[PDB]
Amino acid sequence: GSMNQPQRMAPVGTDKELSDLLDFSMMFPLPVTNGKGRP
Amino acid sequence: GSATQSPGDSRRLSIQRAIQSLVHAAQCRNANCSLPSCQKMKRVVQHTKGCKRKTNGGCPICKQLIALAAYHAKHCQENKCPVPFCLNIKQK
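Residue numbers (my numbering), protein chains in the order written: chain A, 1 to 39; chain B, 40 to 131.
Bear in mind the hints are in silico, worked out from the structure with no lab data behind them. Treat the hints with caution; some may be incorrect.
Straight-line Cα separation of at most 27 Å, BS3-like style, residue types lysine-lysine; simulated pairs [as the list claims (entries may be wrong)]: (1) B:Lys-91 / B:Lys-131; (2) B:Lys-119 / B:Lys-88; (3) B:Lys-113 / B:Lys-129; (4) B:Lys-129 / B:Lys-91; (5) A:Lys-16 / B:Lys-129; (6) A:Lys-16 / B:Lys-91; (7) A:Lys-16 / B:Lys-81; (8) A:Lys-36 / B:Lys-102; (9) A:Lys-16 / B:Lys-102; (10) B:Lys-93 / A:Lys-36; (11) A:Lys-36 / B:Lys-131; (12) B:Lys-129 / B:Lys-93; (13) B:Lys-88 / B:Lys-102; (14) B:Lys-113 / B:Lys-88; (15) A:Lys-16 / B:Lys-119.
So, partial list: chain B residues that the calculated Cβ filter (under 10 Å) puts toward chain A [said to hold, decoys possible]: (16) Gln-55; (17) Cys-72; (18) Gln-78; (19) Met-80; (20) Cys-120.
Heads up, the beta-carbon is just placed ideally off N, CA and C, and yes, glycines get one too.
Could you build all of it, start to finish, from the sequences and the hints given here?
Below you can see the structure in the form of structure tokens.
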């Protein structure tokens, strides 16, 4: 187990963009930008 | 002994660090950095400079970046500001 490791950047275009978006989404909190019907 | 700060304060430092990375990478085109934050941030910053798709709607990545820069532009009237979004929000 724990063999596979995530690659540094990708030329795919969109998959690498949502991966970028992920790094940023965890980098900052920001407002939820929703009403949020959750406890 | 908590060192957790007020919820508004703690989220303010972390959100400012995100902006400071956007500011860093906007000025930073050098290869002298090898840290992960700079690599992904320069990727997206040089991208946003060559991305008409962001105003064309079909790019959520730049939607994140303009969200930092918008909140930041409300307080920052800097005309010499590194962030291209920040100007294009408070000028237009």
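Going through the hints against the structure:
no.: 1; hint: B:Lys-91 / B:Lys-131; verdict: holds, 17 Å
no.: 2; hint: B:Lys-119 / B:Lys-88; verdict: holds, 16 Å
no.: 3; hint: B:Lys-113 / B:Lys-129; verdict: holds, 7 Å
no.: 4; hint: B:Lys-129 / B:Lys-91; verdict: holds, 19 Å
no.: 5; hint: A:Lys-16 / B:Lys-129; verdict: violated, 30 Å
no.: 6; hint: A:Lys-16 / B:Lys-91; verdict: holds, 18 Å
no.: 7; hint: A:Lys-16 / B:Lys-81; verdict: holds, 14 Å
no.: 8; hint: A:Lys-36 / B:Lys-102; verdict: holds, 20 Å
no.: 9; hint: A:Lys-16 / B:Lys-102; verdict: holds, 16 Å
no.: 10; hint: B:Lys-93 / A:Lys-36; verdict: holds, 26 Å
no.: 11; hint: A:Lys-36 / B:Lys-131; verdict: violated, 31 Å
no.: 12; hint: B:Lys-129 / B:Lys-93; verdict: holds, 17 Å
no.: 13; hint: B:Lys-88 / B:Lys-102; verdict: holds, 14 Å
no.: 14; hint: B:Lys-113 / B:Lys-88; verdict: holds, 22 Å
no.: 15; hint: A:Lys-16 / B:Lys-119; verdict: violated, 31 Å
no.: 16; hint: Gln-55; verdict: holds, 9 Å
no.: 17; hint: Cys-72; verdict: violated, 14 Å
no.: 18; hint: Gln-78; verdict: holds, 8 Å
no.: 19; hint: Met-80; verdict: holds, 8 Å
no.: 20; hint: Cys-120; verdict: violated, 18 Å
Consistency note: the structure conflicts with the earlier hints numbered 5, 11, 15, 17, 20.
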